[PDB]
Structures are given as C-alpha cells and as structure tokens.
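Read the single chain below, which is given as structure tokens and is the form deposited in one PDB entry.
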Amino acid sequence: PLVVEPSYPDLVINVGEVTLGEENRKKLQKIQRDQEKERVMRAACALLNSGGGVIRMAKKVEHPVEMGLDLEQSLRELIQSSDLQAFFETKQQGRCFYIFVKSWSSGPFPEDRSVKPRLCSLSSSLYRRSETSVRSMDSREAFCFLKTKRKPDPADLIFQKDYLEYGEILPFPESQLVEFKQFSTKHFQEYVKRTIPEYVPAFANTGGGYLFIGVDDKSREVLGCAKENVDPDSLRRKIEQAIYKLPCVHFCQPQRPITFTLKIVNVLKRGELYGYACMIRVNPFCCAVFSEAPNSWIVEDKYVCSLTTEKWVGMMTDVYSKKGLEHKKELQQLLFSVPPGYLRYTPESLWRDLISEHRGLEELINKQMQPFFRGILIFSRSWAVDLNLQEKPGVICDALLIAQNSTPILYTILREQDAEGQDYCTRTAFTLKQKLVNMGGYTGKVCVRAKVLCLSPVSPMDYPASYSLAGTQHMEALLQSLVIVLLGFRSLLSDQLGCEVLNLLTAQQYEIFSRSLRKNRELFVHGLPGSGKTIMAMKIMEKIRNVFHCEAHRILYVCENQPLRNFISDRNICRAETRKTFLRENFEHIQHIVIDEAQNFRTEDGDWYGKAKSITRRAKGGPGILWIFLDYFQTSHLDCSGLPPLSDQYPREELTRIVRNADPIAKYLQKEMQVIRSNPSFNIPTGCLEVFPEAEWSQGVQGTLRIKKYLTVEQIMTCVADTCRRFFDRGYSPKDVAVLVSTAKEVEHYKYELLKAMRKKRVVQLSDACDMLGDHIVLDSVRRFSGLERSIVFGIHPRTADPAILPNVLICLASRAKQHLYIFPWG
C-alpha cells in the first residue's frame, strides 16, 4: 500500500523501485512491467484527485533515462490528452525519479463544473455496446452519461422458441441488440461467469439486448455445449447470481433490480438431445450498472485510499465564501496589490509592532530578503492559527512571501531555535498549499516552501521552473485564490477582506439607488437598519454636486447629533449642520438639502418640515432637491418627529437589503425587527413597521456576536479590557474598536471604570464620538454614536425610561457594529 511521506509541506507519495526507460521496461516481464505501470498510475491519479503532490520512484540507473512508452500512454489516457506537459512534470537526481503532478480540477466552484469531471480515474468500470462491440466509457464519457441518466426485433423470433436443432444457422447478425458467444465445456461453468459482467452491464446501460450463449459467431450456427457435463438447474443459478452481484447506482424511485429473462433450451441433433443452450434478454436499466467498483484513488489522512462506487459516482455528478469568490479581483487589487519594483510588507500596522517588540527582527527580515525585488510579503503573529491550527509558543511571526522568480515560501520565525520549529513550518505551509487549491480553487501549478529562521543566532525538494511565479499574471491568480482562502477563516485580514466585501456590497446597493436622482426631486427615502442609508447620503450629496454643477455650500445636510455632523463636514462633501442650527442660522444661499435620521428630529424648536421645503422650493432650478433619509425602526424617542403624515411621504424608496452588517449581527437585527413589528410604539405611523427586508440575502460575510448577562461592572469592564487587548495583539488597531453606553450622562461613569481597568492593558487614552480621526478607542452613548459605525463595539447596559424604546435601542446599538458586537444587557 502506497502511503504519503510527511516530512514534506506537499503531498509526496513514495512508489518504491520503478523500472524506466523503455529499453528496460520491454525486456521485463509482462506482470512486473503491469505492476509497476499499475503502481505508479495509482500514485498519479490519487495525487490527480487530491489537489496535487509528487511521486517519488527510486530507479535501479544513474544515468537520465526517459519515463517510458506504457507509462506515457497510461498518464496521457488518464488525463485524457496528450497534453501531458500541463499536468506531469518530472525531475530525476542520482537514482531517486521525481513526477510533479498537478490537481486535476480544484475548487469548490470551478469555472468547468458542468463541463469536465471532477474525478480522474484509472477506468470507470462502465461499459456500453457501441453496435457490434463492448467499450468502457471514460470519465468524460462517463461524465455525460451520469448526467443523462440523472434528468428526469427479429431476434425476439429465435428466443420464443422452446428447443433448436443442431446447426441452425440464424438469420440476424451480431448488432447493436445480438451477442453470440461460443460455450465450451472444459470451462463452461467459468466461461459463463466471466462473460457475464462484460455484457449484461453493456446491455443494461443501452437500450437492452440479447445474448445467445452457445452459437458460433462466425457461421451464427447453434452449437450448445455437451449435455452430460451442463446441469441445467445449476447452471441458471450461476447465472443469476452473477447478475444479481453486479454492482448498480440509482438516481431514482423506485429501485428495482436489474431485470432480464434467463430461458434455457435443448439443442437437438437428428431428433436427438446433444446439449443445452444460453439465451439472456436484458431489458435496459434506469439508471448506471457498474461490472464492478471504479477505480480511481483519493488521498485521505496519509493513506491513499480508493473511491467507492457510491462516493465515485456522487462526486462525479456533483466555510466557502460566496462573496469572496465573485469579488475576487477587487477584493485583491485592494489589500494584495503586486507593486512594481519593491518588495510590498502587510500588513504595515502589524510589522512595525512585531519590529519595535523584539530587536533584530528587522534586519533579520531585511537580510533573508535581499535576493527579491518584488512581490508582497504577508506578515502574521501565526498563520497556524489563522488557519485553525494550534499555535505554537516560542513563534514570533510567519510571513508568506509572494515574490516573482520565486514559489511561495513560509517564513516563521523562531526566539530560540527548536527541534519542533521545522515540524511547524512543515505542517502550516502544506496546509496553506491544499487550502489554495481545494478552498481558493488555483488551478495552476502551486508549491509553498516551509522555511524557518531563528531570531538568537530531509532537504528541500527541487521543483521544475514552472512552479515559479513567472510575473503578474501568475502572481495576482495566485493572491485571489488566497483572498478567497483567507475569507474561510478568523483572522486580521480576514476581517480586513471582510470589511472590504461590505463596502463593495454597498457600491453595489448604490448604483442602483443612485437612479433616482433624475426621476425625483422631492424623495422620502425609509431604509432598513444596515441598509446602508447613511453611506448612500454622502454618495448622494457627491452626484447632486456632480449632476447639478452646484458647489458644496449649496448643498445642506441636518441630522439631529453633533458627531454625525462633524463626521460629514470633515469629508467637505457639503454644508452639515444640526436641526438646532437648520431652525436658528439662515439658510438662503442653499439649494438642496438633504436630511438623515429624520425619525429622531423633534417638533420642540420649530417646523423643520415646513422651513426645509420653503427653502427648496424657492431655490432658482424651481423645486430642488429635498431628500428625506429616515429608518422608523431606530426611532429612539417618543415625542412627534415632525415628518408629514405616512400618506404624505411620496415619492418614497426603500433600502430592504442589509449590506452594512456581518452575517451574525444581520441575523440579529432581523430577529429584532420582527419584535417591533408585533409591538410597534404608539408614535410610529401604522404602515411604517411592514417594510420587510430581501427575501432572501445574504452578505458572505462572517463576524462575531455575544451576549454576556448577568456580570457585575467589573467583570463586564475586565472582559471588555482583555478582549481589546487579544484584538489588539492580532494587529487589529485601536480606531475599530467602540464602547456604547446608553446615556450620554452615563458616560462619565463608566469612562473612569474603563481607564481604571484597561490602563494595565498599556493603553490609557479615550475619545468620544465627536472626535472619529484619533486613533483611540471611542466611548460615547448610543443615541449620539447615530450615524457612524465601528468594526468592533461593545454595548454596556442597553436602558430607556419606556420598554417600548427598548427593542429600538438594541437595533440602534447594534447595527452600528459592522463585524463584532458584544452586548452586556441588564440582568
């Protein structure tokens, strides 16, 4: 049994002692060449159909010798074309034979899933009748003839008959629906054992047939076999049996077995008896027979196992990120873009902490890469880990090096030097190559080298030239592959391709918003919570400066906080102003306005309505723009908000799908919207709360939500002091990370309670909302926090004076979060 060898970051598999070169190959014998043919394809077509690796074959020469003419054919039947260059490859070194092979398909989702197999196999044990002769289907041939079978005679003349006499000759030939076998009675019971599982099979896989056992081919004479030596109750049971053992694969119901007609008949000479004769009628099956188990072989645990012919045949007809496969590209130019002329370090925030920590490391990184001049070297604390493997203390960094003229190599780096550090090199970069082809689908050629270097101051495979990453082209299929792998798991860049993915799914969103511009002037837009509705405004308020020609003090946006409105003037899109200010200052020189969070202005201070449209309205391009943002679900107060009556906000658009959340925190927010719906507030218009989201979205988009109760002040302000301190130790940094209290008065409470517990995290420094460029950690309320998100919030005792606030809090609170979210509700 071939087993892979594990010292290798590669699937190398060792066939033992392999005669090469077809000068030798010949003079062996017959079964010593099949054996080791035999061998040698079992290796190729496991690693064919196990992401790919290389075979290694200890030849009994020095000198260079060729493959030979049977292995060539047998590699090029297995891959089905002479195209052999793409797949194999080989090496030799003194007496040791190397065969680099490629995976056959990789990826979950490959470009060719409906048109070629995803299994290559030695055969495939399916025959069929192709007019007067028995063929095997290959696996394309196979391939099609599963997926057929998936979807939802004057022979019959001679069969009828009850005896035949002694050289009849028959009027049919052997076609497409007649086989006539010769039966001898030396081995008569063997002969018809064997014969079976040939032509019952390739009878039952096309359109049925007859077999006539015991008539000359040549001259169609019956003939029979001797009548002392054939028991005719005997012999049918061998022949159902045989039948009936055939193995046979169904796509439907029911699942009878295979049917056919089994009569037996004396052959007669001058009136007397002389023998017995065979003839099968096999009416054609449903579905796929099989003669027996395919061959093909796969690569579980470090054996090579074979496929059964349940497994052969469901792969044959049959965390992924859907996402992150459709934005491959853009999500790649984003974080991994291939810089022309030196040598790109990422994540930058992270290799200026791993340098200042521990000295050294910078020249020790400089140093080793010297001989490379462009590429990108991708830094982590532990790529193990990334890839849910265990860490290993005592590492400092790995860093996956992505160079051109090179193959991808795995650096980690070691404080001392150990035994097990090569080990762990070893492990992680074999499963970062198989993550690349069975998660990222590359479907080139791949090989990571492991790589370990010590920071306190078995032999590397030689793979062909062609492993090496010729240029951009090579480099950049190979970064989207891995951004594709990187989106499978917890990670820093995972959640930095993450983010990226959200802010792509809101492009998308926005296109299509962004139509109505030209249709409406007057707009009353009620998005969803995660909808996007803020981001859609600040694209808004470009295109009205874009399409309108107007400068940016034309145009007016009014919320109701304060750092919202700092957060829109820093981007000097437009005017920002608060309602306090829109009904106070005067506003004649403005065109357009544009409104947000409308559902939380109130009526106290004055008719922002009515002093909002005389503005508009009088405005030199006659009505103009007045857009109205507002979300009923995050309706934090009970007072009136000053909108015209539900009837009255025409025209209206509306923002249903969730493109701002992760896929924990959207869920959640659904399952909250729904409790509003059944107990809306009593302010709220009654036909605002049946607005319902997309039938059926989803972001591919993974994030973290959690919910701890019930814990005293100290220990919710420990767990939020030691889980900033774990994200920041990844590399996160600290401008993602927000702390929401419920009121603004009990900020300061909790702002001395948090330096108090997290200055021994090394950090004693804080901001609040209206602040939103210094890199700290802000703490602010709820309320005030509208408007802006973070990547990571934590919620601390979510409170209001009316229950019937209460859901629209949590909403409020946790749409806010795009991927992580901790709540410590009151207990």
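Got the form deposited in one PDB entry; any chance of the form deposited in another entry too?
So it's only the chain below, everything else dropped.
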C-alpha cells in the first residue's frame, strides 16, 4: 500500500522503487511500467487532494535522471495542464528521487469554487456519448457535468420490431444516439458484459441512446449470434444485473434507478431461427451514472485512501472564519506587517516576558535569526496548543519564522533536550502547514520546517527554491493565510485578530453611519447594546472637525459617567464633560454637542436638553450639530432622563448591528434584550425597545461566555485570579481584563477580596474605571463602566435593590466584554 511517512513536517508518501528515465522505462515490461506509473500517480493525486506534499521514490541509479515521458504525461493529465512546474517540482539526491506536489486547491472557499474542481482524479469514471464514440470526462468536464446535473428516430423504428431478418441493413449509421456491436460466436455472452459498463453509462449521461448488439459495425448488417451460443433468458438476466450494478449518484427526488429497455429479439434466416439480437434502449438518466467508482485518492489519517463515489461527488459539487477570510489583507497589515529590512518579533509583550523569564533565550534567538534580514518571528507559549494540539511540558516557546529567502520555520525552544521534542515540533509544523493550506487557503507552494532548539547546552528535507518566500508578495500572502488560520483557533494572536475584526466591523458601520452628518443637525441615535454607539460618537466628533474645519475645543462631549468622560477626554478629539459640569459651567463658545448615554441623564440638576439646544442653535455657523446617543436597553435608573418624548426624538438613526462583542457575547445580548422587552421600566417609553438587531448579522469572531453559579465569594475570587493568570501566561495584558461588580459600595470589598487571591498570582494592582490607560486590571461597578469596554470581563454577582432596575444590569455587563465574558450570578 501507500502510507505517509510520519517523521516529516509535511505529507511524504513513499512509493518505493521506481524506474526513472525514458530509456530505462522503455526497457520495462508494460505491466511493471504501468504499475509503477499507477503508484506514482496515486501518490501525486493524494498529495494534490490533501494539501500537497512530497512523493519519495528510490531510484535504481546513482546519477541524475529525467522522470520519463509517460510519468510526465500522467502528471499532465492529472493537473489538466502542460504547466507541470506549477504543481510538481522534482529533486534527487543519490538514490532518492523527490516530487514536491502543490495542493490542487486551497482553503474551504477557494477563489475558483465555480471555475475549477476541488479534486484531482486519475479518472472520473464518468463517460459521455461524444457523437459515435464514448469518451471519459476529465476533472473539469465532470465538474461542469455534475454542476449541470445538480441544477434543480429510425433507431426506435428498428427497436420496436419483434424480430429481425438476418443480413438486414439498418437505415442509419452509428451516431450520438446509436451504437452497433458484433461479437464472436464464442464470447458473445461475455463481451456483452464488458460492453454494458462503457456504453450504458455514456448513453445515460448524454441524453440516452440505443445499443444494438448483433449488428456489423461496418456494413450495418444484422447478424446476431447463433442460437447454440446464447440463452436469451440468461443473457437478459446478466444484462439487467450489469446495468443495475452501475453506480448512480442522484442530486434529485425521486431517486429511481437507471431506466432502460432491453430486448432479445430473434434473428431469422429464411424464416428459420438463426440467432438472437440484443437491443438496449437507455433512456436519459436524471443524474450522473458512473461506470465504476472514480479513481481519486486522498490522504486521511496516515493512509492514502481512495475516495468513494458519493464522497467524490460531494467533494466535486459541494472553525472557518468568513470575516477573517474577508479582512485577511487588513488584518495582516495590522498584526503581521512585514517590515522593510529587519526581523520583527511578535507579540512584543510575550517576547519580553519570555526573555525575562528564561536566561539566555534572547541570546539564543538572536544568534539563531542571524541569517534572516527581513521577516517576522511570531512567538507563542506553544503553537501546539494554539493549533488545538497537546501541550508539551519543557517547551519554553514556539516561534514561527516567516522571513525572506527562507521557507517558513517553526522553532520549538526546549529548556532541556528531549527525545520527543523533535516529534512535537514536527507535529506542530505539519499541522501548521496543513492548516495554512486547507483552512488558511494558501494557493502557493508552502513548507513549514520543524526545528527544535534547546536552551540548555532523520535529516531535514531539502525543498526547491520555489518554496522559499521570495519577497513581499509571498510573505504577505502566507501571513494572510496565517491570519485566516489563527482566526479559527483560541489563542493570543487569534484574539488580537478578533479584536481587529471587531474594529473593522465598527469602521464599516461607522462609514455607513457618518453619511448622516451632512443630512442632520439634530439627530437622536438609538443604538442597541454592543452596537458601537460610543465608538461612533468618537468618530463623529473627529469627522465634525474634519468637515466643519472647527478646532477640537469647539466640539463638546457630554456623558453621565465620569469614567466615560475621562476615557473620551484622553482622546483629545473634543472637550468632554459630565452632565453636572455641563449644566454648571459656561459653554457659549461651543458650536457642536455630542451627548452619549443620554438615557442615563437626570433632570434633577436642570434642563440639559434645553441647554444643549440653546448652545447649538445659537451657534454662529448655522445650527450646530446636536447628536444625542442613547440606548434604552442600557438604562441605569427609573427617573426621567430629561430627553424629549419618543415622538419628539427625531430625526433618528439606529445602530442595530452589534459590532463590539464576539459572537458568544452577541448572542447572549440578543437573548437578554428579549427579557428586557418582556417588561420595560416605566420611564422607558414602550415603543423604544421595538428596535431589533439585524436578523442575519453575525460578527464571525469567536468569544467566551462562562456562567458559573452557586459559588461563594472566595471561590469567585480564586476562579477570577486563576483565569487572569492563565490569560497572562498566554500573553494577554492586564489592561485587557476588567472585573465588574453590581454596585460601587461593593467595589472596595470585592477589590480587597480579589487582591487577597491575586497576591498568589503576582499582580497586586487594581484600579477604578477612572484610569483606563494604565496596564492594570480594572475593578468597578457595572454602571460606572458604562461606555467603556474590555476584552476580558468578569461579571460578579449582578444585583440591584429594585427588580424594576435589575433586568438592564446583565445587558449593561455583557455589552462591556469584547471577547471573553465570565458571569458569576447569585445561587
């Protein structure tokens, strides 16, 4: 059999001894020549269909040799192209001859889904009647044929006859619908058996036809076969069995079998019975009829396995991140920008942590990356776990080098030399390469080299020069495939890419949303939870200056919560003040006002709306911008907010796409918004919550949502500390984490209790929401954190004194978490 070799960071199929060279292969017997060719072509087909690899064959001569014309032509028929160099590149060292096979197609959604087939085949076993001949459909022909079948005569005058006269000349030739066959007196009943699988599938697949057996092909004379050599009943049974044996694949309903008419009609000589003439009419078949199973091959597990008929048709006609595939270029330019002329180590925080923890790791890595002048070295605690493989103790870090003039190299740094270290690194490199092709959709020639390094004080395969990353184009394409691959797993870089995906979605929605600035002066923005409301407010405050040419101090931002106005104030895009400061102080020099979380405002101090109206309308440059952002799902009190009636809140814009939270968080927000709708507070006008999220919208970004209940306060603290330490080990910064409690009066208690547990995890710094720039965990109330967001949020015992306010707390908590949310309710 053919089996993939395990000691390689790639699919390596050893096809054994093969005779190479045209002259050497001409001296072979045809049987051995065809057997060796079929072995090598099985290997090539498997590697083409399985992400590419290397075919290893031991050659019977020491000196360099050509592959052989028959092998070359078989590869050409395999790829349906004379461009062999595109998919096959050969090397030879001593007795070993290598063919390096590129993947036929890459990714779950290739750019050629509707053009080229997913599979290469030695044969599709699909035959069509092509005029007077039967020809096999190649991969592309069969792809088009199945793509069509998947959409939702005088010969009959002869066929109707009950009998035929010996030597009768048929009045028609062989054509698209007719075939004549004559067989010897001896083998008639056996030659019919081999005739059926070739002409019945062809007629069935190409509009049907008539098969006359017993008609001289040249003179068209009816001859039949002598009565003594044929039993009509046995012949009919055999033909029926052979026809019904044919493997048919259905794309339709009903799935009735192959339909045909068979007649064994007497041939009379002078009126006496001379023999029997066999006539088959093959009515067109609804779908594809195969003469036998397709000769397509694939590597599954560690074997080279032949694809079944149904599995082949499925591959030929029919966690991946579609958003990642869409934004791969932007995401690559963001996270994996390839610099012009130096080797970049990323993530930089993780690299610093590694070199600090491990003595000599910096010197090791820098001495090892001497040969590389341009590229990126993507570090990780363990690329194995990043790719859903098993963690190996003793592995300090894994670094994926993507440098110029070099192949990708997966480095594994071991604190102590280990026997299984090279096996672990090879497994990780093989998984990475297979993912870069099959999931990342890399259509170029890729090989990830596994290379183990030891901090304490089988040869690699030499790939062609076309597997080296020549320059910017190849490095960027490989890195964009790596982006797509990473967005399919849970890891530090995957989460960073997900954050950038959320930022890109928010930018898209803001591009759609900012076109209202030219159209409105007053505008009440009704954003749903996680809809980007505050990001839109910031970007609109930037665009207001960009358009009206007014200096930043002329734009005012008003919010209810001090943490939010501090966060907005540190952006330097405007002046940011709280509701109370807004009412107290003078702002006659302000032209534009943006008011955010207006549903959280209060009337107890004054008419904030009236003040904003006066300031904006009395502006010198016409009526200034007065945009009031608000979310009624995130109300924080039962009193009237001073907003105008709902009927008065016009013109309106609605941010209904959730773009700030990962999919698990967004689904939870959508679920809880139904609970909010079920019983709105009395200060919430009933018709406001009738805003619904976009029905078919999804973020396509992985998140986390763990709800742990019936746990005590100390258990909550220890779980939070353990999760924080696990994140920080992987490389998440402390400024990605926030702990949100029910109310402020509990903030100090929970701060002390959480420090008590975090002193075991080596970070003893917590802060209120008023400081968001420091690299520290933020502990505060859910309400005080309104408007702000963090990647990882721990929601601790959501609570309020009045059930009329309670429902909104869970939304106001979940909407703060971008990717990871941990909720610890009462129980």
